[PDB]
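Next up is one chain by itself, shown in structure tokens, the form solved without 4'-hydroxycinnamic acid (HC4).
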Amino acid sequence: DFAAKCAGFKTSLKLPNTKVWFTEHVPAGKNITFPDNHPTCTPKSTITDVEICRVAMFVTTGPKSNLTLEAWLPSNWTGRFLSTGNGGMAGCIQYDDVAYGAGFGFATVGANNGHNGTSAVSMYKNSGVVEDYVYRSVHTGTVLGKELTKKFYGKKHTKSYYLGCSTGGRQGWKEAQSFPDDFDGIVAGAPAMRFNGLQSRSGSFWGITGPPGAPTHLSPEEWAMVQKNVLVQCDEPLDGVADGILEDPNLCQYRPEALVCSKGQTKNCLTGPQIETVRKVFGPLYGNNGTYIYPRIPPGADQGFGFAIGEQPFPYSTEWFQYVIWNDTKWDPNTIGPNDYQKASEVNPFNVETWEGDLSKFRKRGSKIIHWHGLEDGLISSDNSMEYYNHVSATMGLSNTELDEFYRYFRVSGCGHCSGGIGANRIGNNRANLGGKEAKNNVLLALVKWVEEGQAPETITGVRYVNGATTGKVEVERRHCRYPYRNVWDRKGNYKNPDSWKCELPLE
């Protein structure tokens, strides 16, 4: 029986540099709490959908660096191995994603990126902790995960898969670029790739806006005004459907001078300095010697906008420059500029940038990757993901049709950072953004069908339930297009209906 196997697995499992804390039988529907998690970590608890054996481990990686790996092994095992990622600067095991994977019969694993808690203070004067964050945590979890999965069931895994979002998307791309043999399938959502450029980008907004009271700064009401005016200029005029959703933000070049202050002083208008701020926020970041750092935040990208651009400076970027790049807690985010952006690119710990165009090894072995990004994502720019696709195409010397074999990037209209947004956003990257449980409308199942049955996804279907609910009646559904296709409304059918839209890439 399964409970006897799980209890006895504790003593028998002797992996190298690995101390097994415990093995726990967890039946279907049981609520598992996480009391040893950091106060900042989320979630505090998760409901498992199926019977599993929850293995907990401590993996020492260096003299002063270590991981906390967990492996959730289901009783109704399909043969598939899965690995989860992390988010932001966090050392939090994403337990909802590990349980989500376990629910579909995957032997799922998840690690804490080399530290505990959302802060990156652990990285200060510690190369081993940074090394785990950049690549080694997810890699070591995958190698050890396969060995324990092999030893537990008494047979090797059929296929290896990855599912990650935000920082997880970067971690998935790190694997596709530098560790191609680890995974057969990868889902990389809203990737934090070009990571040093992203922290440079996120840090620069404070330097542009300044603190509240300053002439360059915009309040939450003034930013809300700007995003409404973005829809006036760019929503219906560019996609023909006034739904508050920009279907293709590439076509939108917003001009904030439409809201110029005719009055003597501001009230519900943009001053000269505020116009300068919006163009910099909706414009690219360059640096020393005219070098290109990171793209704009696209107009309409309201989801997760307040975190980076707010009343105080952005903590993740400040900590990155303080602890990792400059190695100084005295570093001031108020005086951020070109010299900081240049230094981050030159330091680039363990190639955390993750901007490698050559995916030959990944293609050669026959691995697949589904890349996706929400178009309302205001925390990480979707334009960055567009530029990576083109960087890969240019580096490898392969057209979009050749890339379709192994690499497809989907642009999800009306979807925020990983979850949320006001459009047909639920594509099944995690529980929070879960819609249907079919290949066409669940990206995890789409990845499985592509790797095993050879069904390459033409689109990925997202949904919005009534009143933006977790489940129920489907209000809006749209088949989101892969780059460089554009989703075009047919000018007759109901825009909520999938069949009214069409993915177009004009060649004649």
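Positions refer to the first chain, counted from 1. Residues that one form lacks are left out of the comparison. Between two forms, the rigid core is defined as the largest C-alpha subset superposing within 1.5 Å. Compared with the form solved in complex with 4'-hydroxycinnamic acid (HC4):
- Per-residue Cα shift between these two forms after core alignment stays below 2 Å for all of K228, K361, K263, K150 except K263.
- Residue range 263-266 is the only run of 3 or more whose C-alphas all shift by 2 angstroms or more between these two forms once the rigid core is superposed.
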Second form
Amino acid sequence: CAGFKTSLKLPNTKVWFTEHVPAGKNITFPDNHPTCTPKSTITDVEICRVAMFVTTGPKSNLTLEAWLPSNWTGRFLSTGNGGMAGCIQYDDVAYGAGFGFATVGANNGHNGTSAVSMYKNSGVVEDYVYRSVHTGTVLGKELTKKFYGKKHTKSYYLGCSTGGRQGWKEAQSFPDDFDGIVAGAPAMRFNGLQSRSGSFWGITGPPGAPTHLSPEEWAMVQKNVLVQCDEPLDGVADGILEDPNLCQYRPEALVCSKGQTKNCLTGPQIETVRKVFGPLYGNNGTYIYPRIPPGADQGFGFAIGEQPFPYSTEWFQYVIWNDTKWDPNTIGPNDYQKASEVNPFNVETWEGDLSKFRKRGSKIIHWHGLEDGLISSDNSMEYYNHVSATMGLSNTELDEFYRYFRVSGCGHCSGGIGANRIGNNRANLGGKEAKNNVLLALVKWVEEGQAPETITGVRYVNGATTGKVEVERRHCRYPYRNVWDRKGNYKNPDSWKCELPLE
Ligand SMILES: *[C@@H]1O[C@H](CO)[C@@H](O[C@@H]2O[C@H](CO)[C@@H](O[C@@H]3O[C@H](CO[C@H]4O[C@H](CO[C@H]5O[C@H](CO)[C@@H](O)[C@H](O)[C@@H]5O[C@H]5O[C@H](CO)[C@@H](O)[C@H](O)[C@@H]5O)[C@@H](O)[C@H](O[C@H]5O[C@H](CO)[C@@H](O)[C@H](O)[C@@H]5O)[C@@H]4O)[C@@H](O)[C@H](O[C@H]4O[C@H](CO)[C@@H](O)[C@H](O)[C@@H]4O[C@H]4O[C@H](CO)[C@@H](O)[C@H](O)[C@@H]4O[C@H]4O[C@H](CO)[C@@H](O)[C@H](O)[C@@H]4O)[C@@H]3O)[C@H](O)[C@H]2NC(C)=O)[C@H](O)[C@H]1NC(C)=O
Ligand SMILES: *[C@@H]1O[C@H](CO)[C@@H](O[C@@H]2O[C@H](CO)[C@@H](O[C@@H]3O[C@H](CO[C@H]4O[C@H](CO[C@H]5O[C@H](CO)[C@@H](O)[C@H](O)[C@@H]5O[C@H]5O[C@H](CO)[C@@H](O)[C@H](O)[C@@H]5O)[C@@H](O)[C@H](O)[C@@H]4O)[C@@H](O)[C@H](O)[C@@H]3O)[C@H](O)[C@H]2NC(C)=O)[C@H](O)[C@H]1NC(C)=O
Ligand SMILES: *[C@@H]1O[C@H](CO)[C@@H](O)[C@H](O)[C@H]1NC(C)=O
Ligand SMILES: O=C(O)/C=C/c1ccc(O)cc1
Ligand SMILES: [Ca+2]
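Shown: the form solved without 4'-hydroxycinnamic acid (HC4); wanted: the form solved in complex with 4'-hydroxycinnamic acid (HC4):
Let's see the whole complex now, leading with the same chain.
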């Protein structure tokens, strides 16, 4: 480990340091960009921490780390990124190491949560779109070989949001990198997601505009969504929409009457909720991106709040229009069209043809929280249906290599009020068996050939990190719907059945 510092020679790579770290230690990241998170993480197992610098071109480069466990299963795991960052997901790297995966993570080609480094620098864009995760996986596999004296057995990827788009970019365009992929809440159709996310500030206008809803007005809308769409459509008043596809919300239920001004929506605010819970279309009637589903309150206030959305604003300024003065206030169809046409390095990540991934025997667990208000879960079932149409494969054919799990009462990669903890990361960690942990479910599918039918999530007593299970639920693979039996305790998973009517 100490000596690896000098023996490890990787192409275009400077090894800064190596570091023995024992089980238990609060590893600290004093050189992490100020905007990056977290500032430390616990390793539950003993590792060699390898910190590299990798040159991807004349003015582009990664920071890559490998955390290599003393007790190695033979497995390699890549992690991925978040937002427009910029930041190694150290908690995911620790998560991986903790299960005996030799785990890598890179910073996606720049430091920090801003995409300003992308401006007039397509190599930094290229590392963001595909080249950081890919390159990290190649060198990851190389150095894993050189440290242990043999080749990894199976290659895995784990990522969420931006990291979920990165997982799909791998299945779509780098199919040999990974034998197994968990892709969470993926930021795929990425230009459409930036257009969708940017569009909300144009729809609402600023604070005090007639069209604008305060945070308290949005929470009033969400309460009225549960009145219309919760118990009436799934039979269980848990504040969780088990299948938002059945919910078409009517904001006119809240219309202000003669001289009512409080606890109600005006005409312009009703138009705003209809647009936010509606699809985005553009020039010549071209479809851009689905609605935010009703009930999806988790992370809702990031793009739909009191100021313009940073991720979309920087994309349009730095990457699409190359104009630091582009104004998020006047976003419109010409923007959505230009982003689709520029589409750097095919960051759209909307390829339907998974031939090569399927054929080599690779498996992908796709999943999305139904309570996610930052990345619409509707975009994920549109991708599944796109794959089915493009490849000419029914859901039962796709079941062989690609399953997509709709997790009710789960937010953006974690949180939410349901049985959300499916084991995609530490924050969303539940149990540690294949049936209730998506990373072990991926290992079991790749290694044993036992595909997940359902993925189990749990909520602990009082929404705590651990303890007695209060709610457990077997989340359904699309296009199955979770159906309550109308008799059993709704908190008992045995009270529910994943259903797909064929007659
Ligand atoms: C700010 O600075 C920036 C940095 O310099 C600068 O960015 C550069 O901007 C230019 C544009 O100005 C970029 O060039 C374009 O790149 C696009 C992306 O190409 C990547 O991805 C596509 C895959 O994406 C499409 O397909 C997938 C499905 O597979 C979908 O999921 C996607 O949504 C997407 O589809 C939309 O667009 C398609 C067209 O490609 C449509 O057909 C489709 O229906 C969807 O609407 C890959 O295919 C690309 O791979 C190819 O190229 C790489 C090399 O780059 C190869 O290695 C690889 O082998 C492939 O050959 C790539 O990965 C391209 O889509 C885009 O292509 C069009 O324009 C060029 C001409 O310049 C044509 O040759 C090409 O045929 C495409 O033409 C169609 O669309 C245009 C409008 O975009 C029409 O004008 C034209 O008529 C044509 O349309 C008609 O025919 C179509 C079928 O042929 C039909 O489908 C249509 O309906 C229509 O009839 C173009 O190359 C460049 O990448 C940027 N560079 C960087 C580094 O970012 C930026 O401009 C600056 N900003 C400014 C100045 O404001
Ligand atoms: C994006 O963000 C990432 C991080 O997230 C940035 O990566 C960080 O990048 C910087 C480069 O800008 C890296 O810093 C380099 O690290 C090298 C290793 O540093 C370590 O060792 C240093 C030297 O240590 C010895 O010598 C000092 C005094 O010089 C003694 O005090 C000390 O006790 C050590 O003594 C030992 O060795 C000497 C011989 O050298 C013997 O004489 C002794 O007997 C004894 O054996 C030390 O200064 C430091 O604390 C570290 O331990 C270093 O060589 C080089 O100078 C430089 O500082 C970070 O490693 C890197 N971090 C990570 C995790 O990647 C990235 O740059 C940023 N990117 C962009 C583009 O902005
Ligand atoms: C890494 O790329 C960034 C962005 O262009 C640049 O500022 C930096 O100088 C590059 N690093 C090296 C050592 O070439
Ligand atoms: O990774 C995340 O948590 C979010 C990603 C994201 C990227 C662009 C958007 O417009 C919205 C969300
Ligand atoms: Ca319900």
